[PDB]
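*Asks:* Take a look at the letters that make up each chain.
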Amino acid sequence: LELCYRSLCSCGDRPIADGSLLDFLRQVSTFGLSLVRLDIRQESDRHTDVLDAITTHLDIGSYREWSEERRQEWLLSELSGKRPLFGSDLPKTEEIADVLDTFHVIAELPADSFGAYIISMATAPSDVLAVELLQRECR
Amino acid sequence: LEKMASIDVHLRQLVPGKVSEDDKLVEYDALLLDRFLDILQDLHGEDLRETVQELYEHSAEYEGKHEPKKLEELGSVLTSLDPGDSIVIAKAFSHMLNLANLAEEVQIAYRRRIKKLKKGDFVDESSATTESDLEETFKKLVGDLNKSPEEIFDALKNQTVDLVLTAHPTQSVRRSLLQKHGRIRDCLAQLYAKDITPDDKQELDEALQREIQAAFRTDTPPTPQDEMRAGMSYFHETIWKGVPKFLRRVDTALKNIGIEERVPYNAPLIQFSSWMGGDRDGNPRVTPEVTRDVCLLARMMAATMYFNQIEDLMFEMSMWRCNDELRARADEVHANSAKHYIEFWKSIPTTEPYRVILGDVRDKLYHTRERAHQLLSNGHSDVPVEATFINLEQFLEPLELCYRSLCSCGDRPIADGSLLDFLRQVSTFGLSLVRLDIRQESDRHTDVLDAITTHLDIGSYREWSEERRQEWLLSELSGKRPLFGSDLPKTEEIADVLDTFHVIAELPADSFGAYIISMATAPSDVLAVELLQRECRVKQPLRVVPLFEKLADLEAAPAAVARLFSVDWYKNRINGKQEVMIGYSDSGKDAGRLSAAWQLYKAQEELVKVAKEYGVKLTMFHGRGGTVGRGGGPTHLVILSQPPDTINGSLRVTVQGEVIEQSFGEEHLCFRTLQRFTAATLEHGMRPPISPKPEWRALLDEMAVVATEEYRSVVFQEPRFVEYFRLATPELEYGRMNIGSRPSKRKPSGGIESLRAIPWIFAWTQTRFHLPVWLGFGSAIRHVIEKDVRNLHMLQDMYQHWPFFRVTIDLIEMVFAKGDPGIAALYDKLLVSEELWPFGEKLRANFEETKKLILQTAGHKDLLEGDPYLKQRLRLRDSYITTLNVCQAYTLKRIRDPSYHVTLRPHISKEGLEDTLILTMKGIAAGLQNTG
Ligand SMILES: [Cl-]
Numbered sequence: 412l413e414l415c416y417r418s419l420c421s422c423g424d425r426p427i428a429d430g431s432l433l434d435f436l437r438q439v440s441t442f443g444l445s446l447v448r449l450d451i452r453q454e455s456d457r458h459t460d461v462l463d464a465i466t467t468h469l470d471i472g473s474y475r476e477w478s479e480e481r482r483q484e485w486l487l488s489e490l491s492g493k494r495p496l497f498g499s500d501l502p503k504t505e506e507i508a509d510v511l512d513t514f515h516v517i518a519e520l521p522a523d524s525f526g527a528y529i530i531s532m533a534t535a536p537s538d539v540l541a542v543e544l545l546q547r548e549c550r
Numbered sequence: 006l007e008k009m010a011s012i013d014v015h016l017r018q019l020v021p022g023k024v025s026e027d028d029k030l031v032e033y034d035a036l037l038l039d040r041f042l043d044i045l046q047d048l049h050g051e052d053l054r055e056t057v058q059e060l061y062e063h064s065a066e067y068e069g070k071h072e073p074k075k076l077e078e079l080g081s082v083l084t085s086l087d088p089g090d091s092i093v094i095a096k097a098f099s100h101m102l103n104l105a106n107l108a109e110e111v112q113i114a115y116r117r118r119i120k121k122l123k124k125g126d127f128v129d130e131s132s133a134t135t136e137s138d139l140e141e142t143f144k145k146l147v148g149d150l151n152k153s154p155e156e157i158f159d160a161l162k163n164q165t166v167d168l169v170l171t172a173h174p175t176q177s178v179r180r181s182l183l184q185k186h187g188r189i190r191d192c193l194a195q196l197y198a199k200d201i202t203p204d205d206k207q208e209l210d211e212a213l214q215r216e217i218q219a220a221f222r223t224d229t230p231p232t233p234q235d236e237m238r239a240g241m242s243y244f245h246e247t248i249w250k251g252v253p254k255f256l257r258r259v260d261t262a263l264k265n266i267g268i269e270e271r272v273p274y275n276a277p278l279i280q281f282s283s284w285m286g287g288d289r290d291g292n293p294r295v296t297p298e299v300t301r302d303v304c305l306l307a308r309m310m311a312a313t314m315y316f317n318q319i320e321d322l323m324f325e326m327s328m329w330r331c332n333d334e335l336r337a338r339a340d341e342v343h344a345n346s351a352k353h354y355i356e357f358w359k360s361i362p363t364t365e366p367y368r369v370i371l372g373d374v375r376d377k378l379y380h381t382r383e384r385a386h387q388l389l390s391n392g393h394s395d396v397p398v399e400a401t402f403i404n405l406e407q408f409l410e411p412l413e414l415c416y417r418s419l420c421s422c423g424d425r426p427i428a429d430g431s432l433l434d435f436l437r438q439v440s441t442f443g444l445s446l447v448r449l450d451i452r453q454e455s456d457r458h459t460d461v462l463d464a465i466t467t468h469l470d471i472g473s474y475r476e477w478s479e480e481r482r483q484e485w486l487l488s489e490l491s492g493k494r495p496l497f498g499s500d501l502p503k504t505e506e507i508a509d510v511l512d513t514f515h516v517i518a519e520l521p522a523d524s525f526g527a528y529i530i531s532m533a534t535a536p537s538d539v540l541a542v543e544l545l546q547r548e549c550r551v552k553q554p555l556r557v558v559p560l561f562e563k564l565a566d567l568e569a570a571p572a573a574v575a576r577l578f579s580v581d582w583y584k585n586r587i588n589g590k591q592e593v594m595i596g597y598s599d600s601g602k603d604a605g606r607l608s609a610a611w612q613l614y615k616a617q618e619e620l621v622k623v624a625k626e627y628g629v630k631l632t633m634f635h636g637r638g639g640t641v642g643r644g645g646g647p648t649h650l651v652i653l654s655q656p657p658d659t660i661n662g663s664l665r666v667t668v669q670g671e672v673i674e675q676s677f678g679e680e681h682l683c684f685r686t687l688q689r690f691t692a693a694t695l696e697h698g699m700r701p702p703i704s705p706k707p708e709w710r711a712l713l714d715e716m717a718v719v720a721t722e723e724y725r726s727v728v729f730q731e732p733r734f735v736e737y738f739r740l741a742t743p744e745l746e747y748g749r750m751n752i753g754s755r756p757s758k759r760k761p762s763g764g765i766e767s768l769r770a771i772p773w774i775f776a777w778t779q780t781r782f783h784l785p786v787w788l789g790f791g792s793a794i795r796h797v798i799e800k801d802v803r804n805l806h807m808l809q810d811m812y813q814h815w816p817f818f819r820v821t822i823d824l825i826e827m828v829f830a831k832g833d834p835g836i837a838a839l840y841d842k843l844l845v846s847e848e849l850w851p852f853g854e855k856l857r858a859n860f861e862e863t864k865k866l867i868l869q870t871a872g873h874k875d876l877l878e879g880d881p882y883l884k885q886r887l888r889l890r891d892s893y894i895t896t897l898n899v900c901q902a903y904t905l906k907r908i909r910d911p912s913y914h915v916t917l918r919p920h921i922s923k924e947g948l949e950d951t952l953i954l955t956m957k958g959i960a961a962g963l964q965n966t967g
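So the protein lines, in turn, are chains A and A'. A prime marks a further copy of an entry chain. Residues in the first sequence are numbered consecutively from 412, following the authors' numbering. Going letter by letter, the second sequence gives residues 6 to 224, 229 to 346, 351 to 924, 947 to 967 in the authors' numbering.
Hint data in this document are derived by calculation from the structure and do not stem from the laboratory. Beta carbons: idealized from backbone N, C-alpha and C, even for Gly. Hints should not be assumed to be uniformly reliable.
[Unchecked claim] Distance ranges between label pairs, derived from CB positions: (1) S488/A x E506/A': 50 to 56 Å; (2) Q407/A' x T504/A: 32 to 38 Å; (3) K552/A' x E484/A: 32 to 38 Å; (4) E334/A' x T504/A: 50 to 56 Å; (5) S478/A x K625/A': 52 to 58 Å.
[As the list claims (entries may be wrong)] Straight-line C-alpha distance at most 20 Å; calculated EDC-like pairs for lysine to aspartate or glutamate: (6) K493/A' x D460/A; (7) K493/A' x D463/A; (8) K493/A' x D500/A; (9) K493/A x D463/A'; (10) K493/A x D810/A'; (11) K96/A' x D224/A'; (12) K615/A' x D463/A'; (13) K493/A x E489/A'; (14) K493/A x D470/A'.
[To be verified] Every beta carbon over 10 Å from chain A, so not counted as near; a handful from chain A', in silico: (15) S99; (16) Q207; (17) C420; (18) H468; (19) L469; (20) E480; (21) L496; (22) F497; (23) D500; (24) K625; (25) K706; (26) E731; (27) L844.
Take the sequences, apply the hints, and build the full model.
*Replies:* In structure tokens form, the structure reads like this:
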């Protein structure tokens, strides 16, 4: 489309380009391939539950009992490391499996469909780092 | 056209006596040679035929008296040939030798056995003419060993013989030529039926000429899939039909000692494994895609054979009386959508329930084939996996239901017909016919784990001590965190290793056997493969099999295996079964043959001690070359020779590509092969060879020291040895030549240490010299005879009463039968510098002395004094091989030395010297078969 616009302006046909073509280009830029970008929203408590099942599974303690500073330090050590966090061998409750499966579905779809990951009942930086880490480790 | 009278005279002079009275070998080979030479005259002219026959006559005179004048008489003719005539002559002697092999096979398959020729001891087991068949072994176990028939039957129930097909070190013979050899053998045998009609005999003659010409008039280093296709041909040729016949013979022998059961049709007495498409050791051409390909190709061949076998099964299963269970399943199957038997029946009615169920099995087999084909040629399918058989139980279940129902209705005999054979074929061959072993050097696993730990900022696994490596590997196997992700710098090699693991992970477990670690030395190698397997998401990991090659590796093997059994993780992964591989050719390349033999006996002893300690069932995997690498009757005593309890009802042996045709090409040869493997395993489990006297072990330890000393002093210490090896032998041309499917040197720069075992044996086998096989025996026997006057008597006692020793000596004597120092001297004279010419003279003197000492030990005056049949057949081949030797020598001189101009002779007919060299290599290879 941009090629068509360039060519038409090249030939002194800019007014024609500013007709149906300009409207079309502006519609592609406004609406993209999806019209809308979907935000995902979930309570932070569910991320605490998922990371808690993860750390208990790794025999390191319960992320839930950890202070906010200890949570931040562990999350930061994992985001800066190269080793994956968990595998299929992971006891998932229905809720924990919902969270991870939502991440897998986001992972298998085009980025143009998604906007922001929204953390309900957010209070501390560890909530934001929890979503970033769960995002990265679900590929 | 009286040429036949002369070739008849020369054949009778070469093999004078009759090794029996059904000795028709001279007759057979005379017939094949007459028909071949007439065809040769017709295709390339009278002049070519006269030249060829002059060459063969001189060759037979040489194999008669070994006059060196005869060799120069051959050479004068062979050098004056322009490349065209050289190619036609070399091709001609190749097919002539092949015909001698085919005649030889007919002689072996139809030689009548002699009951009065048995002596009653273990020596009888060294020849097919006197070895024990299945039932003689039964009566040996019942009478002499006082074992009950119940004990024999239960042993058979739990026995497994696992035969492993490996790639040919040269020409893996194409399937078409296998078929042609089959037709030639059939025509020969039928021509000698003592009842044949005149017209049948004429038409048989016309078919024989026709087939010989068909084989003679057919001309990449075949892709691993093509070589695998060629290696699998023996299933169609004889093995598929041969297996149920043999198992049925086992049933008969059991009935004849009072056992009323048959061997359970699901008992895996026979299993087949393949390395074709799985061995990557020094072979970058064997890629992950190659392994996936041969896996799917194998599943395809299997589905085809089951599909074709199941229609005659459907015709036989026309009964109506049945089980309540079978009737229920038949009414169930009748509720569905009949495209693959419209030529037979419009649809299968419910009063033929076995036909209904079996028809549904045939339909699932068809969908199985088409899916495997679709995955092979594309990468995805659309054929639902639930519409096929994915594991052996989905397949066996309805067949077993049919069997149960038929026995329920008093139709057990019908069940023991086409149905029992079918069940036994499913149990033997599975959905793949073969299970693929994967082989890779340990060093590659060190490289992969090293890239992994460096990527995790923990250090280099390579610099870590063995104990630190073990501790880290064990901490990871017991942990729950994954090891690595896509974010991992992979070299081409490291990516190959991981991708191979991913391909294993995405294929059915029925296709795979064992993961084999080349150059294994320590438990960390085994744990490395187990961890890499698990972290690449292989749901059912393969059993890991370490390959201990060098002699020091053999000595350290029982400590490493005991340490492996002692760690809790490996102990729970193996579940009481362990397979260890030892390599005879490889170890011989390291330390000579005599030393590798005695070291492998002791090493198997110690591995058994460990296995009894930890309650693990050990399976010794015997690699290529060695005493365990022979053809026919000798193998029976070979198996009987293994140390007590090293087998224990689970045998795994490499069937070398150079013997596989002699062993499975013909119906009778195949049946007898399966028979002797099963019988020797069964007998050895209940009647081990004698334990060696203490002085025997001390004597072999000293001889082992002297023999490794001589071998390493010649092969590894002599500074000019490598130059001599590159001159007196076609090693350079073998590697450059695109012959061996893989390359020769592991690392291109290195010496013999890096040279693989197959080219090591091959290079010296081509020159009829065989130095890697016998070198070292000479000084060891000289040393013990000189150290004590009586040791010769001890040596002669061992050869007469210790099976391990008898088979080792027997192998050396047999290899000497295929040796001729005169031809080797011709190679020296043409290809080796004058500075280096006396060196071969010294080695040849060693050859002669070693030969005399082996004779002294065996109590023989001539070679193969105890096996005149083999002496006869080998002497027969030698007349053709000698001509390919002289041709190869002068062709080598012509290739290396363009300053050697020859007075050429005019072209002959047909109405590049590299090609001729390849011909001589393949020919001599086919005529000498197995050595070491
Ligand atoms: Cl090898």
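*Asks:* Each hint needs a verdict: does it hold in this structure or not?
*Replies:* Status of the hints after comparison with the structure:
A beta carbon spacing of about 32 Å between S488/A and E506/A' contradicts the range 50 to 56 Å that was offered as a hint. Between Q407/A' and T504/A the beta carbons are some 34 Å apart, a value that agrees with the proposed interval 32 to 38 Å. Between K552/A' and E484/A, the C-beta spacing of about 36 Å keeps the proposed range 32 to 38 Å intact. Range check, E334/A' to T504/A: Cβ separation about 42 Å, and the 50 to 56 Å hint is violated.
In this structure, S478/A and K625/A' meet the distance hint of 52 to 58 Å, their C-beta atoms being roughly 56 Å apart. For the hint pairing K493/A' with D460/A, the CA-to-CA distance comes to about 19 Å; that is within 20 Å, so the pair holds. A distance of roughly 15 Å separates the Cα atoms of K493/A' and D463/A; the hinted pair therefore holds under the 20 Å criterion. Proximity of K493/A' to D500/A is assessed by CA-CA distance (about 8 Å); at most 20 Å being required, the pair is judged to hold.
For the suggested pair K493/A and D463/A', the alpha carbons sit about 15 Å apart, so the restraint of at most 20 Å is met. For the proposed pair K493/A and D810/A', the alpha carbon gap of about 67 Å is over 20 Å, so the pair is violated. For the hint linking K96/A' to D224/A', the alpha-carbon distance of about 9 Å falls within 20 Å, and the restraint holds. Restraint check for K615/A' and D463/A': the C-alpha separation of about 35 Å exceeds 20 Å, so the hint is violated.
Distance restraint check for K493/A and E489/A': the Cα-Cα separation of roughly 16 Å lies within the 20 Å cut-off, and the hinted pair is therefore satisfied. The straight-line distance between the Cα atoms of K493/A and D470/A' is roughly 9 Å, inside the 20 Å bound, and the hint therefore holds. Distance to chain A confirms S99/A' as a non-interface residue, since its nearest Cβ pair spans about 57 Å, more than 10 Å. Every CB of chain A lies more than 10 Å from the CB of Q207/A', the least distance being 72 Å, so the non-interface label holds.
For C420/A', the condition that its CB be more than 10 Å from all CB atoms of chain A holds, with the nearest at approximately 44 Å. Residue-level check failed: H468/A' sits 6 Å from the nearest beta carbon of chain A, not beyond 10 Å. With 10 Å as the threshold on Cβ separation, the claim that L469/A' sits away from chain A is violated: the shortest Cβ distance comes to roughly 6 Å. With a minimum CB-CB distance of about 23 Å to chain A, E480/A' clears the 10 Å threshold, and the non-interface call stands.
A beta-carbon of chain A is positioned within 10 Å of the beta-carbon of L496/A'; the least distance is around 7 Å. The non-interface label for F497/A' is inconsistent with chain A: the shortest C-beta to C-beta separation is roughly 7 Å, within 10 Å. Remark: the non-interface label on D500/A' conflicts with the geometry, its nearest Cβ contact in chain A lying 6 Å away (cut-off 10 Å). Every beta carbon of chain A lies more than 10 Å from that of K625/A', the smallest distance being close to 35 Å; the non-interface claim holds.
Separation of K706/A' from chain A is adequate, the least Cβ-Cβ distance of about 56 Å exceeding the 10 Å criterion. No Cβ of chain A comes within 10 Å of the Cβ of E731/A'; the nearest lies about 51 Å off, and the non-interface call holds. Interface exclusion of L844/A' from chain A stands, the closest Cβ pair being 57 Å apart, more than 10 Å.
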